[PDB]
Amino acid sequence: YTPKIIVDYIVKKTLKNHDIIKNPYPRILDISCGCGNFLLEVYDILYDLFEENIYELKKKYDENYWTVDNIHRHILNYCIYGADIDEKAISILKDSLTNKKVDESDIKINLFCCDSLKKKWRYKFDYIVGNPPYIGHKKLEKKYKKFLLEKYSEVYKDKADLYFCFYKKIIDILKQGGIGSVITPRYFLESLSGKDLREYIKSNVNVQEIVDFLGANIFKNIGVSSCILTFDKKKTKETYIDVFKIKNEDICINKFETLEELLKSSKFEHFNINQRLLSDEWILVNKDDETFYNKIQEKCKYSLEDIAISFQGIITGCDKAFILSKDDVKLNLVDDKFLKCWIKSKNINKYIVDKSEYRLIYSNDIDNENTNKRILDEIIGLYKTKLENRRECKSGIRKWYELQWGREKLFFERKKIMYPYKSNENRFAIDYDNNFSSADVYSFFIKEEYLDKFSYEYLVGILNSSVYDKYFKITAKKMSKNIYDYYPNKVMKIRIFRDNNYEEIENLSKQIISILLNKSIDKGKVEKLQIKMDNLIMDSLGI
């Protein structure tokens, strides 16, 4: 059930400036009405609009048709259209619409109980409103997904969400100069699946307003990040997008009776984006952040991808059969050549890695099963059946006791920089202990030809700085509230500089490392050091 305030805002956004005198026959469609939250409000708005200009319509058009008593019949005959797949909800909505007036004379309501994505729509619509469903993967049928791939190939790929196709439908059946307004999951704004959908939206319609609630709990007891999209097919030359980006994600939607008061408040920020200048990922930042990002990009002559080699952690396929507590007795059964240090995301802090509390049995170095039979029978064999259900074990590529994705031994066993893949801040650490990690920690190492130009200490010094934290978070992908995705595709794009401040930055980073490593804690001074380093970085970037 969509919140009433958002429904009212969407309906008013679509219908407020409709010239009922010029076009007293508007077609407003809900594609996922369900109980009919949007359609009842549309009915109320239309009834008020018709009654306000009833005598003007009576004078302009047929005098006998336009009467106050006939408004209900006219709205139900020519104006309101709803579609859904639940017949009980359709009947409830039809009863609610009939009870709005209180057959007597051929009362007909244009409500359809059908698959909206498969219906052959006989005519397009002036206005479209609503909230497409959020049910995918588990709910879809094998035959249904194949039909989606064939029919909606321009927005639907692999395991993409269903509502993508709904966008494809809403644009297609929107009359020229019409208005559409929906509330959907926000994930398509920056996910790789939505690239085709975003291109389709950009090239087919004009986006007017984007309200981005980020991780705010819009829907009660549902963990979906929602956003409101308003678009039109009007012949416009400028096509600038208003963006209302939320600031406080911990708000509840009761601050005012109207969403406009919330948007106009300090809990939201507003900025304009030129649609023609949109990239393929829809960064959607304001002017100050854009200037900051542009200056940093211009100042830096190198990037992480240019000078570093990145990789993903070990994927064992069954962690319980290979990861043990470093104090476990069964580790006496394993030769120390097979044991490697193992860390988690929580082990990663700024500039350093916590001491490994776990050991990984690098079983790929076990050649035959007869020599190390004790390890296989008494440690790894406890999950052997599960290990045999892995894809590569079935295909015959991987032995049952081997790691499914053991990567390269030498990549991990070197000096390198590690970072968690999901964090609330930049946490890049130098690994001095040849630590191994799961896929929750990514790693990279400096290329040989860039070793003299760049050092690990300097890299972690600038990367953990507040400047680079803001710089990354500007374009970073947000998947949860206060949690960003630190993945190689976005991390390795980070640009880095090298100037006369290099030596002092590296020295401050080394001081921070030395303070962090020493057992007796005096960590407060690190903050002070950090501050100084940030200053230098700003002096380098002119910010």
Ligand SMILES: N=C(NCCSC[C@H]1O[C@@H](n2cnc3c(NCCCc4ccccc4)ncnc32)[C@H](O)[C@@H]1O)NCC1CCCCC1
The other form holds:
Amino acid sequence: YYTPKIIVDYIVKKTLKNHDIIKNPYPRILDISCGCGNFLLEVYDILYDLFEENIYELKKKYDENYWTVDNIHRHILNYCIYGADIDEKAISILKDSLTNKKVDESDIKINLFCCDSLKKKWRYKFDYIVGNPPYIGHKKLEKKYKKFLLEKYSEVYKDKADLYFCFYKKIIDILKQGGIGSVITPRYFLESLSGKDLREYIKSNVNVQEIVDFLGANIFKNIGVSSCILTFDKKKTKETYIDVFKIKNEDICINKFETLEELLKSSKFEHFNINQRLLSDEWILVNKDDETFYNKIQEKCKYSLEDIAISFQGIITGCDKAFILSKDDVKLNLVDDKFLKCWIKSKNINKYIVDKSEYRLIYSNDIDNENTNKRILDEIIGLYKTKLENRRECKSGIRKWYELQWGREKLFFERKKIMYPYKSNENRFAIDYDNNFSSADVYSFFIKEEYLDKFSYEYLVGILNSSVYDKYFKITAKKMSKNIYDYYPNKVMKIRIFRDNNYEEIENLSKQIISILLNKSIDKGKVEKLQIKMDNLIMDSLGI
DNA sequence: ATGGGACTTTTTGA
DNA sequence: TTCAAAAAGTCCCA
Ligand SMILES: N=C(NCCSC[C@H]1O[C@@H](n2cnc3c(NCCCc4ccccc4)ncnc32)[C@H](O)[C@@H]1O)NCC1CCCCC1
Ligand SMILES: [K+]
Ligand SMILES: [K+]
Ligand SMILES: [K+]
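Can you now output the form deposited with the named molecule bound? The one shown was the form deposited without the named molecule.
Then the entire complex follows, led off by the chain already shown.
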């Protein structure tokens, strides 16, 4: 979890580069999760040069005996650097590092606190705040602790929110008037549904100076997280425009230049501005070309998928190894075919059509009692009885030990519907003809009856799989890792759709693609030509 | 050994 | 009663 030095230097320089040390020689710089002091040790170096370069001006303007170069080390540690961390071994190491910057005279007091930053009663605000807070999601966070966050941090922490939301809140709350904060956190709060309250909190309490979005790039080696750097202030400012630096190529190595600023100004990043006053509850962080593109589509389309469709998440068995068998597995001979459903994974979804299924789900909810079908329970499902019994609804009695945890409603699956993978590099919406069941890695919707005469499944997969809609969706989608976006209903169902003079031709092209994709000898190339023709029709329709 | 690519479970709050 | 969100993802190889 060590933050790379090139990022640490940038965040520290972002806050202190324009500090007027003559006007205020007592700046308070805080790291609320300082660890071993990746940031604070750099703050010390930057402060020391700042004081030494102006030592004679300070000696003249202020106590001429206090301001000597020999006194800078003590002054920094007594009045300027503040750290907090829950790990006492980390604080003990940082205290030793800060002491070793000078190399007892008299007992220098360092402002390091071993505590929970979210619980500490903070006695004063701070001029500058930097660091890299902990990230802990809803599954890994201790349940007794979550009761505390839901009580005391409800303005940013609810439901499936993350712990680092609370650090944004704490950092903002203890930032002095006119102060500057700069942190590196996961990027997901910029787009996620859970981050809505946090985005409202940031926008309405600080001026966001700058957002560095690394998208799917791997900033932390051997860590599966996607990062951003937020810089914000509480200055009295009227313009309130955000500098947004979005990475262009996710495969870039971060150390190509001596400094991060060189990387940002390079061709490896795009820069654009966003008006903070124009931010809705969603933050549309795109350049002017993309904003025009996005707005054209939004205004043109009179419907959304949510308007015309019923959406639902897939089956959640609660223990897949207990209920999912290969269709060639001999144990399926014990299971009556009335209990067996086709099962697909996200990899089975292509554009327009689903691979033939290779797995079967035992829809165990339809097993009436333990004595009629003893063989299935003893020889297939019962091999995982202990794990099945530990599921939440089994411990509370709502589920029998052999039942599916969230079996949903079979009738929603056993119908013509559209399916798409929950995480993908591109739009892949397929028409399911085979009553496929799936887990939560595949989402489904079917068309409401009253919209069937306006929209057909064949038309919908045509436009949703188009190049236009792939770009259109990815503008506001949640970037997860390198070449992975979330395709979840909370954004997929917000996709807006249109219907105009090109409807018949778009639908016809979609059927030709479906027909070719289902044939034995597939000449995939003609599909690409048809898709290009369809994309041109869609661009003609939307005026782009 | 590492960094990069394929692929994606069930726990959980509401 | 029962929905859907959540990557400090997870796992493997060359
Ligand atoms: N794998 C992880 N990676 C991220 C590392 S974060 C970097 C620094 O952040 C400090 N740090 C964290 N949480 C703090 C905090 N309050 C929140 C407390 C939340 C909590 C509640 C119950 C049980 C445990 C934690 N207050 C001040 N410092 C804090 C670390 O000690 C570290 O040196 N975190 C999970 C896990 C492991 C480290 C101990 C606890 C987190
Ligand atoms: K003086
Ligand atoms: K990443
Ligand atoms: K992992």
